[PDB]
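*Asks:* Residues per chain, in single letters:
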Amino acid sequence: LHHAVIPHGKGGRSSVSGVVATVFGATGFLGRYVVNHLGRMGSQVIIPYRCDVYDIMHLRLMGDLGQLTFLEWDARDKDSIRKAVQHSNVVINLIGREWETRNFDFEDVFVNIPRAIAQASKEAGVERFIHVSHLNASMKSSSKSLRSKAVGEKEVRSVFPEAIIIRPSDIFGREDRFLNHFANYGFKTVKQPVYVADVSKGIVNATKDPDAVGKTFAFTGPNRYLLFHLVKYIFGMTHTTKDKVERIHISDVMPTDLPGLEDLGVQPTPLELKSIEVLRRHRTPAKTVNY
Amino acid sequence: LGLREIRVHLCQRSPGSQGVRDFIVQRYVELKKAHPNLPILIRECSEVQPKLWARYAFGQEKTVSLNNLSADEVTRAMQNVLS
Amino acid sequence: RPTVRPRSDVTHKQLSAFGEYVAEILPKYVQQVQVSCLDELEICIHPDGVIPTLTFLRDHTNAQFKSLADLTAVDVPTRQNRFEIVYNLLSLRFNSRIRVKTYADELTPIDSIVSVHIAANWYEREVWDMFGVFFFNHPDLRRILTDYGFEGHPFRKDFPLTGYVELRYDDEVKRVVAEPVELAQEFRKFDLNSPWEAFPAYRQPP
Amino acid sequence: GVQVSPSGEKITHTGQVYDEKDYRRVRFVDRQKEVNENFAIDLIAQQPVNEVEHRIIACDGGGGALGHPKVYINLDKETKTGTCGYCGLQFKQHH
Amino acid sequence: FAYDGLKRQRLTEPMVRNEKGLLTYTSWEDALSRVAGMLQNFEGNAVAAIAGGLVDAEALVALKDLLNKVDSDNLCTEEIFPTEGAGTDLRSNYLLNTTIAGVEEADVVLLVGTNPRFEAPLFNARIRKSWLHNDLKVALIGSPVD
Amino acid sequence: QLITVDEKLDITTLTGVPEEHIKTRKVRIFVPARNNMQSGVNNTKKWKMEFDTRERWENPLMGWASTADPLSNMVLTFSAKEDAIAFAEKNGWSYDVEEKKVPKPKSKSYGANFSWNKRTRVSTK
Amino acid sequence: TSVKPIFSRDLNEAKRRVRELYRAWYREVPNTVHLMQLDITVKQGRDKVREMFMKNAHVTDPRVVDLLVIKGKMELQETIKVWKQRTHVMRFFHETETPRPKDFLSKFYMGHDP
Amino acid sequence: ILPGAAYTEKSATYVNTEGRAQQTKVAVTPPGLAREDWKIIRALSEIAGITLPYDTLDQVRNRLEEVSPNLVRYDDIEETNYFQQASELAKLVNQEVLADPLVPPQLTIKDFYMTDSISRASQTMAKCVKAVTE
Ligand SMILES: NC(=O)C1=CN([C@@H]2O[C@H](COP(=O)(O)OP(=O)(O)OC[C@H]3O[C@@H](n4cnc5c(N)ncnc54)[C@H](OP(=O)(O)O)[C@@H]3O)[C@@H](O)[C@H]2O)C=CC1
Ligand SMILES: [Zn+2]
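Protein chains in written order, with the UniProt record's numbering: chain A, 36 to 220, 232 to 285, 314 to 358, 371 to 377; chain B, 14 to 96; chain C, 43 to 248; chain D, 21 to 115; chain E, 292 to 437; chain F, 51 to 175; chain G, 18 to 131; chain H, 583 to 716.
A portion of the hints provided could be inaccurate.
[Claimed, not checked] 25 Å max Cα-Cα, derived DSS-like pairs, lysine-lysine:
no., chain 1, residue 1, chain 2, residue 2
1, G, 124, A, 254
2, C, 231, F, 76
3, G, 60, G, 101
4, F, 156, E, 428
5, F, 151, F, 98
6, F, 76, G, 72
7, F, 158, E, 428
8, A, 157, A, 113
9, G, 119, F, 76
10, C, 199, G, 88
11, B, 64, B, 46
12, C, 216, G, 65
13, E, 298, H, 607
14, C, 70, C, 143
15, F, 76, H, 607
16, H, 607, E, 355
17, G, 98, C, 216
Honestly, the hints are just simulated from the structure, not real lab data.
Could you put the whole structure together from the sequences, leaning on the hints where they help?
*Replies:* This is the structure we're talking about:
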């Protein structure tokens with residue numbers, strides 16, 4: 036476009052891809068692999084941090100000497116988030132938590148803060164506003180963690196239309212909150239989870255495509271396992315609040331029309347294949375349903 | 014449908030390309046007078062095959078080897094293409 | 043004359059006459075013994091007669107050269123037998139040195155000398171690592187200097203300086219992974235080779 | 021004592037400031053742009069001309085073993101003056 | 292001293308018209324989609340290409356071969372060359388048949404009203420080279436020139 | 051003992067060089083030009099075999115210049131053209147030769163600058 | 018052309034010397050993956066191995082083949098033992114770097130790569 | 583507007599008046615997103631249903647061996663003949679050479695320095711013009 040956004044350069048790790056981006060919540064599980072698939076291919080990924088500088092060291096690498104910068108902010112401050120994205124071809128919103136605090140609730144975090152990032156992004160001449168709500172989240176779900184999130188899916192479009200939205204199904208990866216939960220201690235609860243990179247690649251793949259300019263995606267993956275068959279399979283392999319445990323038994327869907335992965339540039343990896351590496355920290371084939 | 018081209022590959026001096034050189038001095042002008050707006054073209058490398066390409070409408074082409082072919086047969090070889 | 047590293051003419055003849063002593067005694071597989079102005083000896087031979095000259099030089103009174111120092115491999119990628127492989131020895135008894143060099147293609151293996159000089163246990167092996175020049179009868183050939191998954195033979199003049207891989211840590215797999223080579227500064231090949239031969243009577247006519 | 025872009029960023033000796041539409045300014049966020057205010061082109065015109073005698077002279081940078089190899093100049097130009105590429109001094113002939 | 296021109300007012304990206312009507316910046320796959328789709332519409336002889344200037348003979352053949360499969364052969368160039376007889380034919384009408392080295396091996400020239408000095412200045416050096424060293428005499432037609 | 055064979059003498063498996071820098075890599079064999087600034091000509095007499103060039107992008111942080119192909123700065127000095135092709139074919143690379151450009155032996159007679167008849171009568175001595 | 022032979026004669030004697038090596042690598046996928054943990058189960062490890070021997074089938078020279086056995090034995094001698102690590106054995110796969118488009122049309126949307 | 587490269591930035595093959603076809607070995611890669619000219623037309627084909635049988639640079643050269651095989655012989659001249667055929671072919675033509683002074687477009691030094699899309703676009707040339715018109 037201008038002169039130096041250009042993706043002239045092969046491969047990665049000293050290249051360029053014009054994917055100058057601002058991933059917010061990339062300090063825990065999900066965004067670190069996002070920055071990995073960005074920072075490897077050559078992409079000046081900003082990372083706004085509001086936590087310890089030591090809790091972000093593992094982000095210093097997977098970043099090739101300038102493509103990874105850092106800066107301070109706080110979600111309860113107008114115009115700092117604006118300052119963070121004055122220079123942003125792209126924006127990504129991974130923010131979220133599985134529990135309310137004295138300061139922040141499910142309500143404040145998934146909805147009110149993306150609302151300002153949404154307005155903040157449009158006040159600059161941005162292009163893309165990749166957001167991450169979660170699947171199983173129309174409204175009136177049995178918990179509260181999800182019924183708030185869908186409002187953000189309503190309240191973004193009234194701020195920044197034509198915004199990618201990924202509502203994926205459950206995620207598994209090393210250092211997760213999902214498999215490790217089960218590991219460290232039931233029919234009518236069935237769930238097709240999704241490997242992390244298979245989510246991360248699409249997002250990285252979604253920030254360059256000509257399509258995906260408002261289309262709501264949902265990354266699900268194969269092998270719709272049954273819980274009781276799966277939870278014992280973990281036990282077969284290895285050898314807490316309301317709105318989270320309430321979120322466990324809610325998990326039930328079927329895909330109506332939604333795009334998914336293979337119409338984005340991804341080959342989804344099943345669970346059983348890359349499942350040992352995460353459960354290897356607890357050491358000494372499950373049944374599927376289509377419905 | 015139509016031919017819309019003729020072209021000529023030869024060697025400037027060799028036994029193999031002989032007859033083409035005879036073909037030119039002996040008939041070339043009259044064919045170009047019979048076929049004025051027909052885009053002919055004629056070229057003479059050193060050690061090439063004496064070949065003859067000719068297009069059609071959908072960029073389709075054929076080849077006719079004419080190694081050691083005398084003038085009379087080259088002309089029939091040309092008119093069978095202008096058949 | 044002050045600044046010319048005085049020649050010391052005498053030992054040229056010692057190493058020249060002794061240079062003849064090894065030729066006529068061993069005319070097989072021996073071509074052009076020579077000597078540089080630097081009074082240091084060089085003996086070019088054929089690969090099929092490697093050991094019997096070494097063992098003359100490890101085991102003979104007038105050539106006690108029972109101590110090996112190097113075994114390199116010099117590239118000349120313009121001839122047939124590009125790899126000049128070089129030996130160089132020493133007398134503790136006679137107080138002098140020698141050089142006994144040979145040749146090979148990228149595949150014309152050379153029988154080893156470890157029965158003669160076990161000093162060459164690893165000097166031989168780096169050449170296998172660094173040039174891909176196999177040796178017969180060498181115990182436990184294997185890599186020395188390169189990674190345990192490094193293809194190639196880098197001291198070859200065909201292998202670029204910065205090679206064909208660079209490593210790093212891709213956190214998604216928790217490993218030190220490799221992907222292709224992607225610099226930031228591009229080593230800048232200079233044309234520091236001026237005209238003006240600088241060394242006449244020492245040169246190549248067409 | 022430098023000149024500044026309308027976006028508000030500092031210009032170097034050279035006109036070097038990034039345009040508005042440039043993601044490069046990120047690196048200055050919560051930092052600042054290092055710059056030397058001592059433009060040589062401003063300092064050097066703030067130096068008087070040494071109006072010497074004979075048309076040809078030697079120059080030095082304040083110490084013969086300590087800068088500006090001994091180049092000479094032909095100071096025949098009464099219109100302009102003569103410079104030395106090392107320094108930025110200027111000279112006249114006095115006549 | 293033309294290389295300075297190679298970094299001055301130079302194109303970078305595949306641009307295309309705007310719904311407003313002016314030009315903008317897009318991708319290759321954004322643009323060529325607009326082209327081959329149009330190519331499939333107009334075919335046969337409503338189609339032509341103008342080479343000229345500074346072009347390969349690799350693109351010319353492919354560019355030819357492209358319009359060769361749309362029944363359109365109107366491939367033209369900027370400056371004219373005659374065609375009323377054997378124009379493109381007979382490669383002795385658009386060449387230096389004479390070896391430019393052979394210009395030394397020549398006692399006479401008729402320059403027709405063009406400037407070697409300004410069109411290919413270095414056909415003029417082999418003239419002036421063969422004007423001084425070996426004898427030579429030239430006669431020119433039209434446009435008195437220095 | 052010995053064995054007979056007449057084959058192309060491939061080596062391309064013994065180097066790594068996985069797939070890209072084998073096939074899609076032209077090679078230029080030539081006698082380098084005389085750097086016309088200098089009248090010196092020792093850079094000739096040789097058969098340097100440098101390879102084609104590819105992307106040299108600009109490192110967006112420093113302004114540095116960077117690359118992907120390590121196989122770009124790859125000079126190789128040979129002594130005869132007949133040996134060069136044998137070396138590059140031995141690794142399967144699509145050589146592209148340029149021949150020598152010998153300069154002619156020219157007659158340059160000092161006195162002919164000072165002719166009565168002729169047209170080479172120089173000025174300024 | 019009356020060359021010196023090494024370790025074998027015309028190819029079809031060197032082709033069993035090959036199989037002595039596949040006779041080891043085929044039985045040393047399961048020993049590695051367990052002793053030093055990995056992700057591959059056993060099979061795609063064996064697919065990769067044969068995918069390397071079905072790269073060098075184009076060879077036609079005994080001397081070359083008698084050489085390529087050796088470098089396989091080294092990596093085997095490095096693999097049979099623990100001298101490697103989980104990063105060296107799992108290095109062949111090219112797991113991470115995206116395979117470029119083998120076609121033409123996608124090959125130049127990025128890269129001046131003929 | 584499909585940005586193509588320039589002679590410094592492609593492996594092309596131009597030719598001179600003599601017919602001594604020659605080559606442009608590449609030095610730089612073009613800026614931004616621009617690509618090579620022929621490299622496009624292969625795509626403009628394949629995006630449609632059309633498809634040329636090319637996947638490299640050499641195929642394109644092998645095409646030239648089929649069209650007019652002078653464009654591969656580097657530094658050599660396709661030594662030509664057969665002009666009299668044109669003259670016979672052309673003597674039958676008959677036209678009018680009107681009574682004007684034939685003049686070229688290049689007439690002095692100031693109309694030299696600016697031509698054909700490159701020299702136009704540089705200051706270093708117009709400095710000559712800016713100097714020569716004074
Ligand atoms: N991981 C999972 O199991 C799944 C997650 N998701 C969604 O994916 C996204 C990623 O969450 P994940 O990364 O997995 O879990 P994390 O625990 O890594 O939380 C993600 C980030 O949100 C940041 N954050 C939370 N609240 C605030 C706040 N008030 N102000 C600023 N930053 C804040 C956290 O900062 P800190 O680093 O200080 O915690 C953290 O870095 C969320 O939207 C989540 O709902 C969807 C499906 C499955
Ligand atoms: Zn000075």
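*Asks:* Determine for every hint whether it applies to the structure shown.
*Replies:* Hint check results:
1. With a CA separation close to 16 Å, the supplied pair residue 124/G and residue 254/A stays within the 25 Å bound.
2. With a C-alpha separation of about 19 Å, the suggested pairing of residue 231/C with residue 76/F holds against the 25 Å cut-off.
3. Proposed proximity of residue 60/G and residue 101/G is supported: the alpha carbons are some 20 Å apart, at most 25 Å.
4. Of the supplied pair hints, the one linking residue 156/F and residue 428/E holds, its CA atoms being roughly 22 Å apart against a limit of 25 Å.
5. With a C-alpha separation of about 14 Å, the suggested pair residue 151/F and residue 98/F falls inside the 25 Å cut-off, and the hint holds.
6. In summary, the hint linking residue 76/F to residue 72/G is supported, as the alpha carbons are separated by about 22 Å, within the 25 Å threshold.
7. Between the alpha carbons of residue 158/F and residue 428/E the distance comes to roughly 22 Å, so the proposed pair stays at or under 25 Å and holds.
8. A distance of roughly 14 Å separates the Cα atoms of residue 157/A and residue 113/A; the hinted pair therefore holds under the 25 Å criterion.
9. Between residue 119/G and residue 76/F, the direct Cα distance comes to roughly 19 Å. Compliance with the 25 Å bound is thereby established for this hinted pair.
10. A threshold of 25 Å between alpha carbons decides the hint, and for residue 199/C with residue 88/G the separation of about 20 Å falls inside it, so the pair holds.
11. For the hint linking residue 64/B to residue 46/B, the alpha-carbon distance of about 23 Å falls within 25 Å, and the restraint holds.
12. Among the hinted pairs, residue 216/C with residue 65/G is consistent with the structure: their alpha-carbon atoms are about 21 Å apart, no more than 25 Å.
13. The straight-line distance between the Cα atoms of residue 298/E and residue 607/H is roughly 19 Å, inside the 25 Å bound, and the hint therefore holds.
14. With a CA separation close to 15 Å, the supplied pair residue 70/C and residue 143/C stays within the 25 Å bound.
15. Among the hinted pairs, residue 76/F with residue 607/H is consistent with the structure: their alpha-carbon atoms are about 10 Å apart, no more than 25 Å.
16. Annotation: proposed proximity of residue 607/H to residue 355/E holds, straight-line Cα distance about 23 Å (limit 25 Å).
17. Our distance criterion of 25 Å between C-alpha atoms is met by residue 98/G and residue 216/C, whose separation comes to about 22 Å.
Comparing the model with each numbered hint stated earlier shows that all of them hold.
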